[PDB]
Amino acid sequence: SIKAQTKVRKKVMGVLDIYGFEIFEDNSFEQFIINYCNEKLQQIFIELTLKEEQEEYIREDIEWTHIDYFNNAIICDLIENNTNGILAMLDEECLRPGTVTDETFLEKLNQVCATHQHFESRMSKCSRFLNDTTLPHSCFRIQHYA
Amino acid sequence: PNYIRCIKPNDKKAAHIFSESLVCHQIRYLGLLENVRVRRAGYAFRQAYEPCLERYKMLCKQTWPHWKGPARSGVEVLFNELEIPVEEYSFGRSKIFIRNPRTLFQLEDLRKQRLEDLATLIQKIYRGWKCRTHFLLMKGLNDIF
Amino acid sequence: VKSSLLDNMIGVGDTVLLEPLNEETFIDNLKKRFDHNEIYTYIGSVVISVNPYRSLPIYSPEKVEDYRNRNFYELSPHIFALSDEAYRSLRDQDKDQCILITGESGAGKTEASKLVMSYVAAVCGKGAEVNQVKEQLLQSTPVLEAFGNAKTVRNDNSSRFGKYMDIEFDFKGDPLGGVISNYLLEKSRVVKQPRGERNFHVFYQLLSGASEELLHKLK
Amino acid sequence: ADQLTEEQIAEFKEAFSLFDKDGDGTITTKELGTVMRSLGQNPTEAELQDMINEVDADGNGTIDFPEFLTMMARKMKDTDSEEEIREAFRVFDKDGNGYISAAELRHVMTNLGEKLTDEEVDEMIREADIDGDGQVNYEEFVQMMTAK
Ligand SMILES: Nc1ncnc2c1ncn2[C@@H]1O[C@H](COP(=O)(O)OP(=O)(O)O)[C@@H](O)[C@H]1O
Ligand SMILES: [Mg+2]
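Residue numbers (the numbering used here), protein chains in the order written: chain A, 18 to 163; chain B, 132 to 276; chain C, 74 to 292; chain D, 778 to 925.
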């Protein structure tokens, strides 16, 4: 009803009513997608704000200095990557033939995400969280910004 | 991107009930602390020269009472007369820059006391204007007191 | 303009100006400002809202004219200053804007989007042609929140998808329209609820709300 | 100073004799600056207590007339400028367009400075703008108060 039929050149202000970050008692795949899109929002947000500050200081000929903060782009990559990302591995596990369980998917994540800094599981091969008694089996941790 | 955080204070849907722990969970969830850092950089605060000289023209005895243009020249002798160290602030073409926020606390404190001095400067002229009115009425009534 | 944020300040209105920065002093700041009933606090140019679960007179149309085309930092913190900075960045500088609103379910996001829509429809001054779009979105919100939102463990109702709204203008300021765009429907809640949670509301409204001839009609 | 000739001393004697209701050639502390503000010199209350405490080592506030002439000689040309007063009203403007909201001004004038009383600030709102209400203009008001 309210969309213009004409193809004329226009301007736009949009609003995005979307969730915040979530930690439940029991987190599953839907919370993995929810937290993923949160990681994307934080990534593009802090990146564009950083460019905004560098523009404001490059106008006034003021030297920018680097300041340390959490990088979301390592996290997003961990889920996004087409060759070892967690959605690519679960897409593969839904595609690859054979016995496909949840245990074999968690073992695949223990195989192809061990040498990643921000992946955290007990049965990972490079694990410094093996003797971490607070990590139950049939679970894993992701080091989000929260 | 312009951006809105939303914080839930309680689970009881009440008005006056505040819980520190639930809000602390939502500070961690939303990442308010990491939102501070990108605006919290090498200069933590900045202004433009015109509302800065409008803001602090009463702390500088050269700008007092009016005004004084150009704005960068009056802001410059403002920070010169207040003898804040040159490390603490920085000049631009169209912006003044404040590195640490404690200078912004201090300058607003000193301005806040000069507001009281302006109130004294008003009230003595108002009350002395009432006494000038009374002496003006009684002066035109008699040849001698 | 000589007026600033630092007048009429309870606590500090900006987290950027907060000395020592941790969680704890920030909880002190939000508890002070919320107990003194000032529910907006910035981070740079970022709005922080806390839900008071009640009406405050900061949304009167008299209060709108206090805020209109005053700059961002010049006055006390409120949600309208961000929409005024965006509306001046769009109107005067021709830069298309978007406001991302994130937070907990029940923390006041949807209402804030409604208030930004009402504020822009007020300050554009285009009458029934913008109030048809505003009436469309505001009267379409309980529909979308009935279909796509459901009860979780933590909340009685929760945003299980992202609502989006395009607010489309002419160069002259005439409203050319707007587009709702959904994102990320949690699909597996349709077919498998988790324990203690709930499937999407329209099934429970459909079963509990219908007459017996409608339930016998829908089999 | 040098100090004052007979003409200005006899000019001061008229307000000094106006507030001499008993006819004794001296007055007390709380009515002492009312003569100086009646004649247009206008010191503050705080520096008035400085002038009283300057010559009194006893602490009762008994002031003689030649020291009173010295107080008036220090504040003869110490009267403050009109534009300085005008800017001092320009600071308390709400929008930068030449007015003050009346309730905020009533809150300032009864909490900062030498604390004008209840009838004096209610008088001040009506002297500033008799038409009302809740908003006072001060462009004519300062021109009326600064003229001697
Ligand atoms: N800014 C606000 N002012 C007044 N009430 C609010 C505000 N934000 C939220 N509320 C209250 O919260 C309830 C709905 O909030 P909502 O926006 O749906 O939260 P969420 O978007 O997190 O689900 C309403 O009943 C409303 O009274
Ligand atoms: Mg909502």
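Because the hints were derived from the structure by calculation, they are not lab data. Any given hint might turn out to be false.
Claimed, not checked - Derived pair list, reagent style BS3-like, types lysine-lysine, alpha-carbon separation capped at 27 angstroms: (1) C:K187 <-> B:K143; (2) C:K75 <-> B:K226; (3) C:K168 <-> A:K68; (4) D:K854 <-> C:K75; (5) D:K798 <-> D:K852; (6) D:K790 <-> D:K871; (7) D:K854 <-> B:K199; (8) C:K168 <-> C:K187; (9) C:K224 <-> C:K199; (10) C:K292 <-> A:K27; (11) C:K265 <-> C:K245.
We went through each hint and held it up to the structure:
no.	hint	in the structure
1	C:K187 <-> B:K143	23 angstroms, holds
2	C:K75 <-> B:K226	16 angstroms, holds
3	C:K168 <-> A:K68	16 angstroms, holds
4	D:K854 <-> C:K75	33 angstroms, violated
5	D:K798 <-> D:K852	25 angstroms, holds
6	D:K790 <-> D:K871	43 angstroms, violated
7	D:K854 <-> B:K199	25 angstroms, holds
8	C:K168 <-> C:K187	22 angstroms, holds
9	C:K224 <-> C:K199	39 angstroms, violated
10	C:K292 <-> A:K27	48 angstroms, violated
11	C:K265 <-> C:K245	50 angstroms, violated
Checked against the numbered hints given earlier, the structure breaks hints 4, 6, 9, 10, 11 and satisfies all the rest.
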